[PDB]
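In the form solved without the ligand, a lone chain appears below as structure tokens.
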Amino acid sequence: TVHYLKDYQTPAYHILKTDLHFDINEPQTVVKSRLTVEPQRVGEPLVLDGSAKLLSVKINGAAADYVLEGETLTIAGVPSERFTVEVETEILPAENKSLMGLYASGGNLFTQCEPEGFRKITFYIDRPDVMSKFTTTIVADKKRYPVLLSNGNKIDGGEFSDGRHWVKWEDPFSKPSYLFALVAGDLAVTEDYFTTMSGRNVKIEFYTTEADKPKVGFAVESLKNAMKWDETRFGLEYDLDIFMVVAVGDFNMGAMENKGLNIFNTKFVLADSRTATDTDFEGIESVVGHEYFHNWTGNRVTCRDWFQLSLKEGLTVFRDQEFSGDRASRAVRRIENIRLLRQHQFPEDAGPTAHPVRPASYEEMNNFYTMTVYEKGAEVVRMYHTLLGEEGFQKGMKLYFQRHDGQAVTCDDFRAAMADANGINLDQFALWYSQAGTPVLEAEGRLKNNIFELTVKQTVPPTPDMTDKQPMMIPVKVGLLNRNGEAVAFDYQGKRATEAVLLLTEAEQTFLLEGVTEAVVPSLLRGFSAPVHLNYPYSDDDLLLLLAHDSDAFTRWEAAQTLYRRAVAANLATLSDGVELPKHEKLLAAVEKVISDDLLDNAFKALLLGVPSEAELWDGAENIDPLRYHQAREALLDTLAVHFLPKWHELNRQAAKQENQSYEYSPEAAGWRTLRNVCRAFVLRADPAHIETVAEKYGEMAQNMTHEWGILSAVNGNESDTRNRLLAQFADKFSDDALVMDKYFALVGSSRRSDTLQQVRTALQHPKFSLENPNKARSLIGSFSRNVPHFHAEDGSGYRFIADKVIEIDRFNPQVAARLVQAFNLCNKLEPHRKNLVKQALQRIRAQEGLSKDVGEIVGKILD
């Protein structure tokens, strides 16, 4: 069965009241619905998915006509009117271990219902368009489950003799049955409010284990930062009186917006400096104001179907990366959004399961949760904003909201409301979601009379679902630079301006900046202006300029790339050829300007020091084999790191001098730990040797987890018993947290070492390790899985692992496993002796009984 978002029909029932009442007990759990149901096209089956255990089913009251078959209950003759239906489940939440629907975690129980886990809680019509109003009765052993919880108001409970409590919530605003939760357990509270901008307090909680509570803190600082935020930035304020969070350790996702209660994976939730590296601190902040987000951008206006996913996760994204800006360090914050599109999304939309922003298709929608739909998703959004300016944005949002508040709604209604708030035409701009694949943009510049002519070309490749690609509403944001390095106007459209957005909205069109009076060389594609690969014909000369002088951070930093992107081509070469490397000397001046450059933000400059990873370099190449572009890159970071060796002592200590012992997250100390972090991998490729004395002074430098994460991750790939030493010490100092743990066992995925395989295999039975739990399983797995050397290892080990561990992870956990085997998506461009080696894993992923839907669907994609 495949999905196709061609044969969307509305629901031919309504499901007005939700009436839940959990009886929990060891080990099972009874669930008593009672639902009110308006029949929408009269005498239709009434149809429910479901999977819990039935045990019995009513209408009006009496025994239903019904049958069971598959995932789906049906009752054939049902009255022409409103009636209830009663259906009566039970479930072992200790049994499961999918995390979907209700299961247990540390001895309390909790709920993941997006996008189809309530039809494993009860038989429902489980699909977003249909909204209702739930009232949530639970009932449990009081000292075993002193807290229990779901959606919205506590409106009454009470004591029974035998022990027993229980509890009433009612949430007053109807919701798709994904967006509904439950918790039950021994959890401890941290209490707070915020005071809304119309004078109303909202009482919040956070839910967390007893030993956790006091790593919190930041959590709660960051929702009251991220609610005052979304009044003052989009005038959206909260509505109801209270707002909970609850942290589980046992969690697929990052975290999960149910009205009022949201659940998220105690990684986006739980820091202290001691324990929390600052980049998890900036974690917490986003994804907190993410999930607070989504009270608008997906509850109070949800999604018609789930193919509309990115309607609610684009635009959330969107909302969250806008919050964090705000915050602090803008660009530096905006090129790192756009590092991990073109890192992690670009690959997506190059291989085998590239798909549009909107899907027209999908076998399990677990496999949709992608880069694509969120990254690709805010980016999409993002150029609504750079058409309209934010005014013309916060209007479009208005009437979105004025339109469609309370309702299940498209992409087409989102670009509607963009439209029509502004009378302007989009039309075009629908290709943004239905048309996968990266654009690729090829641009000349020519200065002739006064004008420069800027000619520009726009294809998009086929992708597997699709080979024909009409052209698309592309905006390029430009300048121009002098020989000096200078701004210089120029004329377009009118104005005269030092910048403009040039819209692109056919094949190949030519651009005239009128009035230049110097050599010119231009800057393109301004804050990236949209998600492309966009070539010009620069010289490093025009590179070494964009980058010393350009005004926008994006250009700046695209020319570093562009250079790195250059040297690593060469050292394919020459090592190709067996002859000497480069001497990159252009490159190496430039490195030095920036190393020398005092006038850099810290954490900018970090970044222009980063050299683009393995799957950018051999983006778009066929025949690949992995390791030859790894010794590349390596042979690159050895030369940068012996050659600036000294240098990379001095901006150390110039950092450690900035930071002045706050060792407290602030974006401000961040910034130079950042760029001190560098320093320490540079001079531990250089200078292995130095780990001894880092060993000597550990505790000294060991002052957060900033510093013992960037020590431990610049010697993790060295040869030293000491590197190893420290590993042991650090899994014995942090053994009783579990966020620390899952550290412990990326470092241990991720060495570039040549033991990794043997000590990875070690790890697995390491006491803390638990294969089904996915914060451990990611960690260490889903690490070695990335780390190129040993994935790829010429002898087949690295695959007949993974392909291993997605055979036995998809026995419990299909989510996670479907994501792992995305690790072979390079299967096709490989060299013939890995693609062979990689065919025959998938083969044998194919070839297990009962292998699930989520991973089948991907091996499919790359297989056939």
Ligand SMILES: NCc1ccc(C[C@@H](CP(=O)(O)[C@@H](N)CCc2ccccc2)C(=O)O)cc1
Given for the second form:
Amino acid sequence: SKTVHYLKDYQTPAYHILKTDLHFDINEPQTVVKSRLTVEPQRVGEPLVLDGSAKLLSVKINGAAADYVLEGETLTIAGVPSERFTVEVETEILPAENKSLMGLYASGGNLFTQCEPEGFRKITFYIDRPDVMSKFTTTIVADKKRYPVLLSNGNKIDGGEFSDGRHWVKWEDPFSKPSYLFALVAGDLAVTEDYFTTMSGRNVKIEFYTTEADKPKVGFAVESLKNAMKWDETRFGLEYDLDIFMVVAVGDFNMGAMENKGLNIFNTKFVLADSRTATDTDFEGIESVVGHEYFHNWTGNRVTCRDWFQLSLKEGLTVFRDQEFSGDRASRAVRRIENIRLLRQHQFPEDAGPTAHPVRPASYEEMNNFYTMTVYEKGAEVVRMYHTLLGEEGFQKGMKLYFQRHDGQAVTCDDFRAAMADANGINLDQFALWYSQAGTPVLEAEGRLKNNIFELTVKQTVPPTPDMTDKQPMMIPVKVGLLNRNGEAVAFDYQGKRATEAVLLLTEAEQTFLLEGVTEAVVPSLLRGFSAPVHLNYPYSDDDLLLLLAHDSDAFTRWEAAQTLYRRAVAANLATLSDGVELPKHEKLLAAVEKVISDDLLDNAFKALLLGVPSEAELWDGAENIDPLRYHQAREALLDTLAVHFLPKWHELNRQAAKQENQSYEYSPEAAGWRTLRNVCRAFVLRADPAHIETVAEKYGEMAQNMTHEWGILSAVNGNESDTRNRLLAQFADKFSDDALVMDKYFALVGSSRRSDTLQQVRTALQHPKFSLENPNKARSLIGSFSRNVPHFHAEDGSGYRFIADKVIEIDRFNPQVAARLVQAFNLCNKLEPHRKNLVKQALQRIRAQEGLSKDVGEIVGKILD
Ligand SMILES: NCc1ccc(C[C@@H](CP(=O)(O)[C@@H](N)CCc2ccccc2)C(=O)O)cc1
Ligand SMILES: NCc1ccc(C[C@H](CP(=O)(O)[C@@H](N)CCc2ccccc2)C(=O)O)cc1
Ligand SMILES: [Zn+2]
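And the form solved in complex with the ligand, for comparison with the form solved without the ligand?
The next block holds the full complex; its first chain is the one shown before.
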């Protein structure tokens, strides 16, 4: 009987912890942790149960050796006082042996922590659940020369020196917090200092800690933080609440970053950049993630989660906030489409697959398996629907009441929903289903103009998922407009208002919406701004789609029209390839693309999106008995056709873009848009004319004016069977051998190549001196990329499956989190054609047969196999 955790079983804790006093004595190799916990009975007389997995040296209750039992990862004391009492725990840790990167661990000769969700119990024995909030004071003692920088949450209130070369510090964090927000750093790190003055007039000292060599790359992150601090004030009315804000970069880290109170810890990938070594996308990522972690100070820290089932309470909302921040900075419509594309490419397959779950899960075995596209990105779409239904002003009324009610509390998704409802005086009961029902809703829509009424009928359905069969009608906002035969906006009457746009609120299984006062023939524009996270089916002709693409006023619906045209073209390719005949002409598609190419009024980055073809996973959505190589072949044929058909115009557009970039090689949204278009053109050019690689190689130094250009060119040639591709990659690795984030790029190119020899190049790269399997960035770059490399992962001989299964098994021995993400490469199992399905099931059974397989990987494998 494995342990499953159920949301229905939630009970308030028997004990609170009012004060948490910690002492870290850092030595070589061991660190000894001492605690003093001030414990307050809630249900008097129950046993005290503490979570913990660190080596236990001693435990006391009010200063006397406790009578306790340690079983598994729980410490229990039966005899506890009926009033306030203390518990003192002594544990010992070997951080350099901690390759899980959870708890207290070594990286680069320094010490770091990661406690979310349940890592604090790897440091000491504790009531390690987020509804237990305590006031932390942390003392740290270490060798001064080896560990001159000693940090923990909050305010530094004392410190000093010892005559043996050791020194110490004491940090007090005055805001009661759950254990998952604890952090400690001890190291030889360089500091970059700055400050921000809050709107109430208080300076906040900003400190970024990096390696000495990395310091010159942290400046954009600092600027981004100051931008995020100002934005939370101007957009949400939220001010920071300490006079110190620390950010620490670490090269070994499971995820992107972590919002520990006043002491955020970041993957280097999301804090370090310069134009020589980071792409524009990398800069955008730093801006997004620095914003994200700062926004958590209110949405996550000041108001936290009652239990881990409520994770989206903080993550969906903080993602919405980071999206809005980025959109307010620049390029809102393009960035919105990027977010939608990410959701459909990665979250929609999750909701269609064996690991599908609601935004608020009802159960889990291992909580680290639920830091998902669903909880984050669908979670953010759910928050955004409040904004769509209520408007910005109403949304901010909800936010204000949320903090009024729940500042200092650990609360639920329901509480956020109630604040939105109550602040605006409306009923959002049906909205709750966005949290409890998994799966992507499918809307079927039909339209007719009768009299002068456009009647839009819309049906909704939500498929069963493995957790739940019954799915009731949901509250689904559908933003619409109407175009006449010349693509002009057409007004209409709805709920006693004449406008060119309206939000139709679908709440029943099937409804008809009457758009009245329509005096011209129309084609509707539907789901504007991607107004709900759904699949929408409407009968559009190719000519309707061309109209929408050419003339609609909404970015998403224009882009979705192009996407539909590409999808239909791939489907036509599939049919001809299957019937063994000539490829289709795609005459209408090609006319549409020529128009996009030649339109000088189109925003550059938007034009780039209109020229992107949906991924293989998008293309086989909803299919059974999938042969991934047949979809790959149909998609590649389309790209080949686009590349060759328009080769001169790809060169021409590249030149236009280069001229407009105007040698402005530093990061800016404007220059970046031109580079994005430039890199689309390069990809098409080198597909049509692979020999152009020698021309690029001859002038490489001249083209390599920043990393966006180097990455764009290497990406464009990465599938080229020329030896020059291999030489350019080798030269790249040599040039940048000292920059670990650039080496990640090298390994991603190795892993992602559609060349025939990628598996053996990947196996050589495993032994590259700069590769480390125990580093998540490296493992994700090489092995993760390979697992997403459709022709290689899904090779008919099963070599891709065997390779990835081998690496899941190996990585799980030291980092179950990385292994459990990797093993989801197999999630398509039950939808594959029989030969591959058989091989994937063999691979999964072999993983399952491993002695000592983690709960993390076992939970995923069980969902796929069983
Ligand atoms: N309601 C329970 C609670 C609330 C707030 C706290 C927080 C503590 C924080 P603190 O003592 O370090 C205060 N001096 C910081 C003021 C400031 C703000 C912004 C910029 C610069 C300086 C408090 O402000 O008292 C602690 C507990
Ligand atoms: N624009 C979308 C977006 C999504 C997420 C982010 C940031 C996100 C980090 P996060 O703030 O959610 C953090 N609470 C994850 C916990 C964790 C950390 C390490 C190990 C286990 C658990 C990331 O990982 O990047 C930032 C932006
Ligand atoms: Zn987050």
